[PDB]
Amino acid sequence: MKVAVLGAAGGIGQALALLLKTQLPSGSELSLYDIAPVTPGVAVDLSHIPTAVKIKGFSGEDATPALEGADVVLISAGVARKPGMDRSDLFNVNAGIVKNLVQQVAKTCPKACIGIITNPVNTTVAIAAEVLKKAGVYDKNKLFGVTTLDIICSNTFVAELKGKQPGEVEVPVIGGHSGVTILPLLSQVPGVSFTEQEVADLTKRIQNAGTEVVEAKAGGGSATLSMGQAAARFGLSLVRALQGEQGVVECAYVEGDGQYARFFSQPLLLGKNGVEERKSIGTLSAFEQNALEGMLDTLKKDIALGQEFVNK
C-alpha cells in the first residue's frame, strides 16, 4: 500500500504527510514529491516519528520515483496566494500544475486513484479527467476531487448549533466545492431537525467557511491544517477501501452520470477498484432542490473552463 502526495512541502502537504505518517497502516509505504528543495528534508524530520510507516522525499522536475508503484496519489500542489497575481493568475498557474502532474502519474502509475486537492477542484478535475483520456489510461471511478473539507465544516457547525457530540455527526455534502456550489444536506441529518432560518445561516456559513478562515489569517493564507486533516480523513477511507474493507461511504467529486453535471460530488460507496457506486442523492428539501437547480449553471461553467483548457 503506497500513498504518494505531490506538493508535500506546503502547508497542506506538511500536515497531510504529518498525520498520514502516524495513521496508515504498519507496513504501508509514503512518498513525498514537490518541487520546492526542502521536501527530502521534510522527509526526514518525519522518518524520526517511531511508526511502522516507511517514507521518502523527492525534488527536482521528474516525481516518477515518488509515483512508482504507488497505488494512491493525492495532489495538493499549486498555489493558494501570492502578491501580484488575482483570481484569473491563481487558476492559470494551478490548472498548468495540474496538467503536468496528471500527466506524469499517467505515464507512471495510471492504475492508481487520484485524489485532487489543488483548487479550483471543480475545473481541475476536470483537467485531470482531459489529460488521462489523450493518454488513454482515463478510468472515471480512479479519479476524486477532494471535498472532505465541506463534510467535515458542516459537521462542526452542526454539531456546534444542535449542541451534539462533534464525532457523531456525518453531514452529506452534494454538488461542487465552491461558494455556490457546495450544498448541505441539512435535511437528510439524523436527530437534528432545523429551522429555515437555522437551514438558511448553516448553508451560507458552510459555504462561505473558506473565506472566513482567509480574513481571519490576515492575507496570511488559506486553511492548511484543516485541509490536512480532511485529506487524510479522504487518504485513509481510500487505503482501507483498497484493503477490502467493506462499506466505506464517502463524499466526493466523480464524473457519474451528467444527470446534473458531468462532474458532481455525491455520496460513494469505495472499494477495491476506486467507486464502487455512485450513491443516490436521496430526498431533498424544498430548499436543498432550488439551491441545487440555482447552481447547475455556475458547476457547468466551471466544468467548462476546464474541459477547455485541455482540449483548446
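Rigid core: the largest C-alpha set superposing within 1.5 Å between the two forms. Residue numbers count along the first chain shown, from 1. First, how it differs from the form deposited in another entry.
- Considering 89, 196, 168, 215, one residue stands apart with a C-alpha shift of at least 2 Å between these two forms following superposition on the core, and it is 89.
Moving from the form deposited in one PDB entry, what structure would you give for the form deposited in another entry?
Chain alone follows, minus partners and molecules.
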C-alpha cells in the first residue's frame, strides 16, 4: 500500500515522514511532495534508512506524480502561527493550498483516504469536502481531520497529574481541533476520578496546549514534533484498518449524522473503506454537557467559513 504526504518539507511533514519511514509495514510505499525544491532531497535522506519502505520525493506545482495509486493521502502543507495569532487567521494562506491540493487528489486518487492536518482543521476539512463534492467524488467516510494531537496531549497531562503510566491512558476527545471546540471527555477515563477544578484546570490546559508551545519557542514556530508523532499515530491506525485489522478506533473530525454540526470529532471505528461506524460520544458529565453546548455556534461558524471559501 502507498501513502502520500503533501507538505513534506515543512517541520511537521519531516517529522511525520521520518516516523512513517521507520514504522509503516514492510512493503508499504511512501511518496513525499512539496513545492519546496529541497523536497526530493528529503526523500533521498530518508531513503538511506534500512526499512522495507520504498520512498520517493517530488517537487513542483504538480503533486500528481506522487498521488498515482495512493491509498492514504496525508496533507500537512501550509504554514503555522507565530506568537500572537490564533488559528483562525492564516486562513487565506492555507485554505488556498488545501483547496489546490485536494483538487489534484480528486483527479488522481479519489478512492484514497485523505487525512487533513493543515490548520485550522475545523475549516480546512469543510473546504476539502466541498472540493471533493464539487468534483463529484466525495466519500464522507474517507475525509478526516487529524485531531490526534489533542488526544496524545490529554493522555500526557492526565498521566502526570494522576501519576499513571503514560502509555496506559487514552482520553477520548470530541468536537473540534481549536480552542473552545476541543473537548476532553475526562469523565470517561477508566480508573481515574477528577474533581471539578481538575476537570476545569485540565480542560483549560488541554485547550491551550498549542499556545504553551508557541510562547516557549518565543516565535520560532508552533508544535511540529508532537504534531508529527500524532499524525504518525493516525496514519498507522488508518493503514492498519485498511489492511483488515479489526478493532481500530480513533477520534477524528468527520462528516457525521449532523447531530451537533455538519462536522464533528467523535470516536470512530475504522475499516477497509475508512470510517466503518461512527461510535457514540457516550455519557457526558454535567461539565462536558455544559461545554459541549457553548462551543457549537463556534464550530459551525468555522465549518461555515470553510464552505463559503469554496462556494463563492
